[PDB]
Structures are given as C-alpha cells and as structure tokens.
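Next up is one chain by itself, shown in structure tokens, the form solved without its partner chain.
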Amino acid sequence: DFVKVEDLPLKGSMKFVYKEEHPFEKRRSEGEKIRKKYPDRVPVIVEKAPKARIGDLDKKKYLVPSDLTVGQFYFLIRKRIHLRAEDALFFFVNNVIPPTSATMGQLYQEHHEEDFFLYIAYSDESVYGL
C-alpha cells in the first residue's frame, strides 16, 4: 500500500570526477594561475548530477567570461549535450539552483571552492536542489 520513494537523489551526494582524478594542490595551482592570466574569466567544472536522465557532457572544464549570464551558460551547455527545445535543464551550485539572472562572475565570487574552481552539476529535473 505504501508508495516507495527510492528514486530521488540524496542531498549533497554529488561527487565530481574532476576532484577524484586531480588532487587539491594540482587544482588549486591551476585555478589560481588561470585567474591571474584571465582576470575577466572564471574556471568552471560541469558534471552530471546524481540520478539524472540526460545526455552526457563530453568536456567538463570551461573558461567562461565573468560577464556571461547563467542563462547564457544554460544555452551553452544545452547545445553541447544537444538538448531538444522542449527538454529541461537545471544547474546546481552548492546544492542550490542559481538564479538565471546572475552572472558567472557573481556565482564564482560567491561559490568558488578553495581550489579556485566553480563547480556546477546539471540534471533534467530540479530535485537535487530542492
């Protein structure tokens, strides 16, 4: 009689493959150096959120203009995974859905980790950030 709820992603369960394959000191060195080389851009890691049903992202490392908006970055990722116009896409930054009106520079200055990278997870649904 019970509706079993077993298909929703655990909050905070996202694990970035980028951090499992690159130690902190290597990431921190590259992030700090790329921020000095391009002070008007931010380095971003984008990977698929848990239990998402959506196409794979071939590349995870992006150097984005700080003045690019989140809505424009949604546009970029949609094309790279070849989403249909009707397909949904959500971003998550520290377990929260960022405002589409924010700039990537605003997200970076608020949410970048100590390795100087900004981490974004993506999914076809919003559950992971609610």
The other form holds:
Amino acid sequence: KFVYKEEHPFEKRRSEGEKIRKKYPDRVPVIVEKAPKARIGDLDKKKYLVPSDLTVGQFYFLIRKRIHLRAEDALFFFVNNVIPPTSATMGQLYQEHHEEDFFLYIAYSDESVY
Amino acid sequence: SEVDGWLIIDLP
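Can you return the structure of this protein in the form deposited with its partner chain bound rather than the form solved without its partner chain?
To see the whole picture, the full complex is given below, headed by that same chain.
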C-alpha cells in the first residue's frame, strides 16, 4: 500500500529497521505517506525518527505544519486501517503496530475512512 | 536534520 515498500525490498527495510532501533533507542522509525484516493496536500518528507514519548497529537501537529494545512482542514492518521488513539505516544503506537521490518507505517487523508 | 533521509524530531 506504501510506495516505500515497493521501492525498497523487505530485506533492506528489516535490516535498516533493526539498525535504527539500535542507533536511536529513544526514538522509533515512522514512514508517513498519503492514503490512496485522498484529496489533501502533499507531504514532502516521509521518513521520521520521532521520540518514543512523543504523543500522536504532537506528531499530528508536526505533519499538519509540513503539509501547511489550514486551521479548518482535517488530517486523519491510519495505522493498519485504524485511526490511532490521539492520547497515545508514538512509542506505544510503534510497540503495538510496527511491521516485520520494524518500521511503523502511517497513512494520512482528509477523510476518516481508508 | 537528516541522516540518509530520516528526519530527526525533538520534543517540543
């Protein structure tokens, strides 16, 4: 579903994910791409090393600013097709939903579905 | 702040 998985083989992702979790023990690797069939501004950077104690709402705000969204525009995250709890931290979100390559994948959209 | 394409984010 993510173009990052298609352009990077799983073996390279899993190896780098293992190394990143060793080099940055207080951070978690996150890949953020626009959800398919979404109508919202583009995100420039997709690879994020965010602290394990950063909340989802703070990461929400960071991605909002990079897309340059207006105050009236919506931004929903999807982790494995589910909107994550906003009060949770990125470490909790990572420790529960990280894929086999040790990367956390988050899709964003203007709508609250898919 | 990037290392081979990874953005380093600090706590606000």
